[PDB]
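This document starts with one chain, in the form deposited without its partner chain, laid out as structure tokens.
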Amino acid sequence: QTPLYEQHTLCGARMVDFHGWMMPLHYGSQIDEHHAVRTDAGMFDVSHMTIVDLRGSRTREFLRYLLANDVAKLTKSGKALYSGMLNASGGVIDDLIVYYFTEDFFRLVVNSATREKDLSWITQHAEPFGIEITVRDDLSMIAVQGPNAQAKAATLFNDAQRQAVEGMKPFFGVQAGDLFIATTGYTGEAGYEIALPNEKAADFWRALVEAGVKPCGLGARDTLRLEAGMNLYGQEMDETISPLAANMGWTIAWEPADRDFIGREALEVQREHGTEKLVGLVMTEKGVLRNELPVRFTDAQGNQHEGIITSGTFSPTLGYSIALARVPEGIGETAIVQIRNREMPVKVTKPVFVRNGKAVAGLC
């Protein structure tokens, strides 16, 4: 149970189960919550996330072996990156954000659904490197997102905290007293994620409401992230799916070739052979694209292919249905899905739809 539970109820939360946590689906209007993030500021309780602190002189070394992105690229203190964590078959165990603070101190953030699997795996592979693993269940976290999010949050910062984040670029995190403030998010907008002691969380939440930040629930969390082309573990990938087939190729640090990491050789073979690809689908016709719907097309050579929707939704920003889908190579400009017992052509696009309050160029 989140430390924010009482504040959620006071904010009119309609609760659902989220991987064992009672969490707000919305607070009266998931559509308004979505539009708040796109145009002003909304916030999400992400205390269901697990923050894992890693300590030890070999921490960077460990993570260069654990992760498929390369934390050697984190050279400025506080810098973060996004990475897959792969099994030996090159499938995805999870995705995550990792922060570098010092050579003796990095931090990972992972989801509730995969927490115990990840912890077991991290623990197992950490042992020979002598890494001390500390789970930060003493911290809650709030994501404040939207074009006015940083400004509104910053009204609550003290002078030292303002100074710490002044000019801070994306994908950095910094500790300033009780607040860990990071320029991260799951929305396609600017914002912060802010971690702080459980016992401080409720008051900080209330202060943020007063600062003009709208409480936003899981429903908007999902429409926002899918519009932004951001993956959801279990849907866009899982242990059976290569990152190359989940639009995560860009996160694979192939060079330097001499960096060993788990999944490396399987991944190299997958790259050599080719994989399926994650694309976007747009359906302007009335109806909603659903998870697991088949996607059919014929390639130029006449081979009939079937992919699958990984995540679908009705886009509040665009006003029509969108989806991420995993499809065989060779797809064209359109494909077919079944809607109301009939074939429905859909437009095939890049796996991203909205960033910074606006439809991406291919959609306007």
The other form holds:
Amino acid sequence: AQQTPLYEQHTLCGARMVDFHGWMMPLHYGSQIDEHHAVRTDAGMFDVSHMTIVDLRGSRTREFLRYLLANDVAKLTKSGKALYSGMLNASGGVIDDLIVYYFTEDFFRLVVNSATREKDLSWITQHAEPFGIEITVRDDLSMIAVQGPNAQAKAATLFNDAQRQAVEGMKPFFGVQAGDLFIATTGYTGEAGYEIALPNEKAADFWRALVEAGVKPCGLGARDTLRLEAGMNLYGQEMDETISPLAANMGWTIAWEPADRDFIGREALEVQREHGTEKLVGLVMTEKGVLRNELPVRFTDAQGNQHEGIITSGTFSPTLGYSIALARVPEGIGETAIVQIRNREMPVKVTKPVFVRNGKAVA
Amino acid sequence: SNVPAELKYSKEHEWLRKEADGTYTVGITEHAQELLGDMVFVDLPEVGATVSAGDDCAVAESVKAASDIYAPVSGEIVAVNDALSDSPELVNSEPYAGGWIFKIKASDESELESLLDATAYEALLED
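Now show me the form deposited with its partner chain bound, since the one above was the form deposited without its partner chain.
Full complex below, order starting with the chain above.
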């Protein structure tokens, strides 16, 4: 595993480093619970520099993306507008989820996860070729996510005047280049904030300024508890190449209309949607204990027949004060289930696959 | 004082404080809490249980993992720390004070002399 460029900054901030898909990354800086609290109530930040940023240019870029992705970038009509989308294989399974930004008719940007960098880049370069797209992997850039109710105001203390005017009152899911900073109102936590990409050689200093602006360093531990409360998927757990997006609470991201836009996996997905699929739900365990990944989830229908699903992600929610999980389960589950933890069947509530909105329990 | 001077210590990163009444107060060290991370639950033994050293007799649950806590010595449990039910984070914030896990009446004197003193434990961490 590589030592990441912000390593001295992380260690000055008290990081406990762990191996994370080939990079030593902070698991936390002292207390993952404190770090979760900081993002819910003030401001926390995450080194997301091992996301890969991909710039796509050429007259056929929009057409290409309308084919590659299952959401529809035709919906991006204002400069800087972003959307979340799945990228599917021919059989309708999820290769990755990603964010894409529109800048001009012939300039878009994709951001992809570290774990799936190489698979996605290969998929992307294979399918872009016939469209004659200039494809730029921006490994020259680092990126920091600043999240929480005071994240934007704290970050914006570091912006010059041009930068503040460019993002003033910017709505969620926009990204804008302002000087050497690319500033986007995106995030993986359920809170307001930015993700800010900037040259590698500037990142350590910018992290330092952010700490000084009152933004708490936050590690992977907190990144998982915040994202899971917010009902946001993690590739490889909530979905993978064998799982349909309709079985991963990604139905809302499929842009079915207009009907004449074919995209990779659309045919398979149409079939899937007609057969019907399993569904991703929330689970809440108010009794003592922690739900864990891959545990069986069970329920008995009115007829007395048992059905089985599986936890895709489990954790302790600091905001709710109970364990929560996302779980993929047969259609027809009711309001409760049972999860096998050790050799005891723990009852759980079945809920929508989101636990927190606006720092409050979606109760 | 990541290692308080006057305590005894075990291999599995617990500490023991001999009390006025001859019993031992037991908890996990600063080192052990550091590696556990924030505690969200603790499962405690029954008051009155007899344990042998190395029995798994409590569980610390963090956001990441359950983690067994072992009896440092043989004896009978005479108390457990009920504050951990509402404040498990004390294991992290006060590992030598409010974060104590249980109290034990030791039943084997040669076990008690194998325990490390402050300096030996500081040395074990030095590896």
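Residue numbers count along the first chain shown, from 1. Only the largest set of C-alpha atoms that superpose within 1.5 Å between the two forms is called the rigid core.
- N303 is the only residue from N303, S57, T39, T334 whose Cα shifts by 2 Å or more between the two forms, the rigid core being superposed.
- Core-aligned Cα shift between the two forms at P345: this is 1.1 Å.
- Taking the core as the fixed frame between the two forms, we note the C-alpha of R107 moving 0.2 angstrom.
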